[PDB]
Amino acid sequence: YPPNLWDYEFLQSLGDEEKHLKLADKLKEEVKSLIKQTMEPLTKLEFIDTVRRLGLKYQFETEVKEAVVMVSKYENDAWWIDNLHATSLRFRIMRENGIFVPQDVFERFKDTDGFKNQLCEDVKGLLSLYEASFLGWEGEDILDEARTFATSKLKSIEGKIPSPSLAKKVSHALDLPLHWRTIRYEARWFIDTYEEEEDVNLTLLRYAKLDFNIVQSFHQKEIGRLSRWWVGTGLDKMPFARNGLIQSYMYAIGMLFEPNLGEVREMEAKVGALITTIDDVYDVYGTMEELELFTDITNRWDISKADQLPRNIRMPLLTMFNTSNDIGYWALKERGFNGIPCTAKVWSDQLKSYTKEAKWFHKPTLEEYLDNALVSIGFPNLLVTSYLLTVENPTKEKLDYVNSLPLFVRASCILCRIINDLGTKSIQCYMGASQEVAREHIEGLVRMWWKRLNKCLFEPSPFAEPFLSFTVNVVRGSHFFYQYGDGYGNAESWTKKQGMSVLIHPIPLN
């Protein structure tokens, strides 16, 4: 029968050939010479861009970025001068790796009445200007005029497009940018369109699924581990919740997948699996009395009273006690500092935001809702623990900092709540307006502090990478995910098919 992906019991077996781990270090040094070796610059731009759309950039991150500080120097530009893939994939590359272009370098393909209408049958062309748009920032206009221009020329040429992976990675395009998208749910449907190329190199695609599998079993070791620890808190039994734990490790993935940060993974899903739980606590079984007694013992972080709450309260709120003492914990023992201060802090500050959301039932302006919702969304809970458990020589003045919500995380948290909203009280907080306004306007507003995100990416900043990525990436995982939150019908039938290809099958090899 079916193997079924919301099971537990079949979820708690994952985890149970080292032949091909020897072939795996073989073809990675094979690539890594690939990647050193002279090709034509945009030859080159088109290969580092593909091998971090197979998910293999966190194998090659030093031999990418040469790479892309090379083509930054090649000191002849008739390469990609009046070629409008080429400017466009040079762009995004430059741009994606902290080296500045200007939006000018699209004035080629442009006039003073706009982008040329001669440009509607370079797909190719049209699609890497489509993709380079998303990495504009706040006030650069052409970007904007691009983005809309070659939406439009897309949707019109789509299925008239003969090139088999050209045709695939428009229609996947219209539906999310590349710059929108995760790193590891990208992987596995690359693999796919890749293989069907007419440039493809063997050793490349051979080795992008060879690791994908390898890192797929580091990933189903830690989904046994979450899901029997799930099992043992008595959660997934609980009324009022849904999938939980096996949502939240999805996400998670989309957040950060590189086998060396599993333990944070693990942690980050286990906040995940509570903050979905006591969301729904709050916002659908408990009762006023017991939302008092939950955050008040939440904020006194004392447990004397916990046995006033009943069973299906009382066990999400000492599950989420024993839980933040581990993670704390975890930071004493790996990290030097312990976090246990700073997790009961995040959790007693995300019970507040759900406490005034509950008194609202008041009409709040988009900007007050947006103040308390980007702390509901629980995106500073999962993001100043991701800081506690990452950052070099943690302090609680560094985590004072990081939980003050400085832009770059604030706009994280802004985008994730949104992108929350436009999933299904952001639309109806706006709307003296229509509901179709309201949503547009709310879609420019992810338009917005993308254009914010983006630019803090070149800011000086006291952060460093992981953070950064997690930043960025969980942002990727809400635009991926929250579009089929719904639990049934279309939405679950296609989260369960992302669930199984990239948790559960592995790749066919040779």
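Take the two forms, superpose them, and find the largest set of C-alpha atoms that agree within 1.5 Å; that set is the rigid core. Residue numbers count along the first chain shown, from 1. Compared with the form deposited in another entry:
Here the rigid core is superposed between the two forms, and of 210, 384, 161, 309 the C-alpha of 161 is the only one to shift by 2 Å or more.
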Given for the second form:
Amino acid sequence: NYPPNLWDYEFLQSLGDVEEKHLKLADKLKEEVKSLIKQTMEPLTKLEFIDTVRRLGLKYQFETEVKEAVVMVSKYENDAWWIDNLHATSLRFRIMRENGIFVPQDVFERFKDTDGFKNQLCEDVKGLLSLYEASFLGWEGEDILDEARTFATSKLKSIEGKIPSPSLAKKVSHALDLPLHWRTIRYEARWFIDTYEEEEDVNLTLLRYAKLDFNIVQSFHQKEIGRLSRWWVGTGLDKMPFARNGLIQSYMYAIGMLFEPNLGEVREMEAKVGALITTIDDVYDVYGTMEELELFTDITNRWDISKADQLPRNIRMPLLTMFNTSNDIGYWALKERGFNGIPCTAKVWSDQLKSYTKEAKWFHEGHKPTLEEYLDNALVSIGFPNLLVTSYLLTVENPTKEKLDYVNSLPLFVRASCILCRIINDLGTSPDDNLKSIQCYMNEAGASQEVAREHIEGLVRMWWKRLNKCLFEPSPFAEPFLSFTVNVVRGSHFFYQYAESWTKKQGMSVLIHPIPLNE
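Give me the form deposited in another entry now, not the form deposited in one PDB entry.
There are no partners or other molecules in what follows, just the one chain.
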């Protein structure tokens, strides 16, 4: 291709086209790790171990063993093992809440005096880092978790880059970039396999399984990218003079939303939809005229491609691929799930293009919307209602029009995720546009760039609190949609840290290069 993509599509197909020795060894090491999760340990040691299993990307292999470990630890009658221990209190608080076992913010009170958190806690970095990490599991009105974040952030930053203990130095720097709660499972696993190997408390059996299982999952990913690349070259959209790296960037995002091998077909369909969202966003933003885009929108609204030949090739090809792929995805729901998803996929595309039109209307009129006007439209235009409603269609038991209507109605859980994805993307922009979060709020309140960014950062923390509380009352939603909704937010944080070199490094270590085994 010209310009060049991150990797050539012929090479990406190369990848998928792990010796039987290793699958057998993997089942063996898996049973040995089950035994370790099950085995009697001191409660702190057990929490540390299952936190390690999670960060290595292995919770999906041990869901039963990890939850049962966590329930056991919540039943442990004597509290002396965590009381007055900042690290143990913090980790317990976090692991309990991550597993739907409530722990009050009051457990942190004893670490404060009249003026706030006790300055002397700065003498224990491991404790500060566990406090920092735990603070992100907090809800609205949990003021002590807000103080904990501010204090632990401030104290860790006063040492970032200058910690003379390699593994804690790396983890502190990594955490201040993004807290574990905000990071993807799959990209964290690759980073943490390296970190873990350098740590004092390393279990070589767990580490050996983490590398083996990483490589096996990666081989499924390599076959998916082969299929997706073949599909993408098949559409001819790799040759559009826009949306360079559209397919690989969508797929890398998808791995953040869902990495598990058993969700391969769903992941491939989400990656196809992301590649089309990126492509068609560029059709609307950096190619089409207002008149071309009116016809694109109208064809989509009516699901009628009669007039498609009035669009030039570079606009007609994206339109008809959106149409053909949406029909294929809808058809999969009929074939696999017994429910024709074409009305649903046609509807979320119509909603999305309507949001683009409103954005373009404002941009042409010169209109300068408020933050709340901007976000009600921009949470649609980012594409996550499309991606998430589609993910629900493809996974809900017994899909129905009424269920799909409900998800597309933005229950608080979904609205939070979509607003978060939009605001996180907007915060990732560097040198400047009246139609992004920061400038809309600047325009509203007469605020500076600095004060407006601080405001938007606060909105990020607030919507995470609602996300967190929604999981303690998941209401009509179940796995895997619960995970999808949170993990698209983590994808956004990871891919919009406030470049192509970083993206290639991430794609190289997670998708292309197996972890070297000493087996």
